[PDB]
Amino acid sequence: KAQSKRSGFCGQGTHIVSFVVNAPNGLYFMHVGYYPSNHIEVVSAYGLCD
Amino acid sequence: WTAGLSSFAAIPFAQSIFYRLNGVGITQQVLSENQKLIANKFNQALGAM
Amino acid sequence: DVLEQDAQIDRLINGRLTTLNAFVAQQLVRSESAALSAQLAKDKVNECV
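Protein chains in written order, with the UniProt record's numbering: chain A, 1108 to 1157; chain B, 960 to 1008; chain C, 1059 to 1107.
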C-alpha cells in the first residue's frame, strides 16, 4: 500500500513501490530497491547557533 | 544521529546516545546537560551486566 | 548359530534405521525452526539495533 520508509522487511535498501502478482500455489512479490552504489565524504556542520 | 537516515556519520558515540535519548524521552538540552553522569549511569549498568 | 544370528541382525537393523529416521525428522524440524528464528533475528537487528 505505501513505501515502507523503515527497516527493510521488503526489497533491500529503501523500497519506493512494491508490486505483488499471484504465483503457482502462492504469491510472488516484485519490490523496487534503491541502492546508492557510490559514497563521497563531505564535511558537515550542525546548522548554526545565534 | 536522529536527523541522519541510512547515512554514514562521524560523531562521538555518547553524542549518538544523546540524539536517541532525546527522541526516546522529551528532555531539553539544558535538562540533558545537568549532572552529565547520564552516560556514566549507563556504564554502571553495563558493568553490572 | 549363523542362521539365527542373521535373523537377530535383521531386527537390530530395522530398529536402528527407525531410530535414525526419528533423529533425522527432529533435525529437519530444528532446521525449520532455525530458519524462522534467523528471519526474526535479522528483523530484530534492523528494527532495534
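These aren't lab readings, by the way, just hints derived from the structure by calculation.
There's no promise every hint is true.
Calculated pairs, DSBU-like style, for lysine-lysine (alpha carbon to alpha carbon, straight line, at most 30 angstroms) [to be verified]:
| # | chain 1 | residue 1 | chain 2 | residue 2 |
| --- | --- | --- | --- | --- |
| 1 | A | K1108 | C | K1100 |
| 2 | B | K995 | C | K1100 |
| 3 | A | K1112 | C | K1102 |
Now the in silico label distances, taken between C-beta atoms and shown as ranges [stated by the list, open to error]:
| # | chain 1 | residue 1 | chain 2 | residue 2 | range |
| --- | --- | --- | --- | --- | --- |
| 4 | C | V1087 | A | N1129 | 26 to 32 angstroms |
| 5 | C | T1076 | B | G982 | 43 to 49 angstroms |
| 6 | C | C1106 | B | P971 | 40 to 46 angstroms |
| 7 | C | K1102 | B | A973 | 30 to 36 angstroms |
| 8 | C | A1083 | A | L1134 | 24 to 30 angstroms |
| 9 | B | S965 | C | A1080 | 21 to 27 angstroms |
| 10 | B | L1005 | A | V1139 | 19 to 25 angstroms |
| 11 | B | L1005 | C | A1083 | 50 to 56 angstroms |
| 12 | A | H1146 | B | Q988 | 42 to 48 angstroms |
| 13 | C | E1105 | B | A968 | 48 to 54 angstroms |
| 14 | B | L1005 | A | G1115 | 25 to 31 angstroms |
| 15 | C | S1091 | A | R1113 | 55 to 61 angstroms |
Virtual Cβ for every residue (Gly too), placed ideally from N, Cα, C.
Cross-check of the supplied hints:
no.	hint	in the structure
1	A:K1108 - C:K1100	23 angstroms, holds
2	B:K995 - C:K1100	34 angstroms, violated
3	A:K1112 - C:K1102	16 angstroms, holds
4	C:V1087 - A:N1129: 26 to 32 angstroms	30 angstroms, holds
5	C:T1076 - B:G982: 43 to 49 angstroms	58 angstroms, violated
6	C:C1106 - B:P971: 40 to 46 angstroms	22 angstroms, violated
7	C:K1102 - B:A973: 30 to 36 angstroms	25 angstroms, violated
8	C:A1083 - A:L1134: 24 to 30 angstroms	29 angstroms, holds
9	B:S965 - C:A1080: 21 to 27 angstroms	48 angstroms, violated
10	B:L1005 - A:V1139: 19 to 25 angstroms	41 angstroms, violated
11	B:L1005 - C:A1083: 50 to 56 angstroms	43 angstroms, violated
12	A:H1146 - B:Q988: 42 to 48 angstroms	31 angstroms, violated
13	C:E1105 - B:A968: 48 to 54 angstroms	20 angstroms, violated
14	B:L1005 - A:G1115: 25 to 31 angstroms	29 angstroms, holds
15	C:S1091 - A:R1113: 55 to 61 angstroms	26 angstroms, violated
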